[PDB]
Amino acid sequence: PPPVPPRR
Amino acid sequence: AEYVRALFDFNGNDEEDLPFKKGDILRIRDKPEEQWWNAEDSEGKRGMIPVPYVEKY
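Chains as they are written, first to last, in our numbering: chain A, 3 to 10; chain B, 54 to 110.
Chain B with its partners taken away, still in its complex shape:
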C-alpha cells in the first residue's frame, strides 16, 4: 500500500478534505491532481489531502 505521514496538522477547508493531525499515517487511494490526493485515515474515513503536508512512509 502507499502510505504517507502527516508532517503538520491539516484542518481541512473544503468539505471534500480529510482533516488530520501531525503524525497520522494515511493511505493514498488516488492522485487526481499533483498536489491534492485522495487518502484514507486509520478510521477508514476518506478525503482529499494537500501533498506538502505529508511525507512518504
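Okay, chain A solo, but in the shape it has when bound:
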C-alpha cells in the first residue's frame, strides 16, 4: 500500500 502520510 502507499506510504501513510505524516499528520500535522
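Hints in this document: simulated from the structure, not taken from any laboratory. Just so it is clear, CB atoms sit at the ideal spot from N, CA and C, and this is done for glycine as well. One or more of the hints may lead you astray.
[Stated by the list, open to error] Distance condition first, Cα-Cα at most 20 Å in a straight line; then the derived SDA-like pairs of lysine to any residue:
| id | chain 1 | residue 1 | chain 2 | residue 2 |
| --- | --- | --- | --- | --- |
| 1 | B | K109 | A | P4 |
| 2 | B | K109 | A | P7 |
| 3 | B | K109 | A | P3 |
| 4 | B | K74 | A | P3 |
| 5 | B | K75 | A | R10 |
| 6 | B | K75 | A | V6 |
| 7 | B | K98 | A | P5 |
| 8 | B | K74 | A | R10 |
| 9 | B | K74 | B | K109 |
| 10 | B | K98 | B | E69 |
| 11 | B | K98 | A | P4 |
| 12 | B | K74 | A | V6 |
| 13 | B | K84 | A | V6 |
[Unchecked claim] Which bits of chain B does chain A cover? Going by a derived footprint, with three or more residues having C-beta under 8 Å, they are:
| id | segment |
| --- | --- |
| 14 | 79–90 |
| 15 | 96–105 |
Since the structure of chain A is already known, use the hints to place chain B on it.
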C-alpha cells in the same frame, strides 16, 4: 455528498482513525489537513482517513 473509494485496506494507527477495507465507499465530512480527512463509513462510524489510500467516487 463527497464520496471516496478505498484503494487499499487501512487498519488505522491512532484511535481517531477510521479503519476500512479496499472497496469501501466513504463519505468525506471535513478536511482539517491536506492528507488526513474526516470521513464516515456505511455503518455511520466516523474517523480520520489517509488521502493516499482513497480515490474520488
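Structure-based check of each hint:
no. : hint                : in the structure
1   : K109(B) with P4(A)  : holds, 16 Å
2   : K109(B) with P7(A)  : holds, 18 Å
3   : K109(B) with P3(A)  : holds, 17 Å
4   : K74(B) with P3(A)   : holds, 12 Å
5   : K75(B) with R10(A)  : violated, 25 Å
6   : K75(B) with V6(A)   : holds, 15 Å
7   : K98(B) with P5(A)   : violated, 24 Å
8   : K74(B) with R10(A)  : violated, 24 Å
9   : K74(B) with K109(B) : holds, 15 Å
10  : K98(B) with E69(B)  : holds, 11 Å
11  : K98(B) with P4(A)   : violated, 23 Å
12  : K74(B) with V6(A)   : holds, 15 Å
13  : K84(B) with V6(A)   : holds, 16 Å
14  : 79–90               : holds (count 3)
15  : 96–105              : holds (count 3)
Hint violations for this structure: numbers 5, 7, 8, 11, all remaining hints satisfied.
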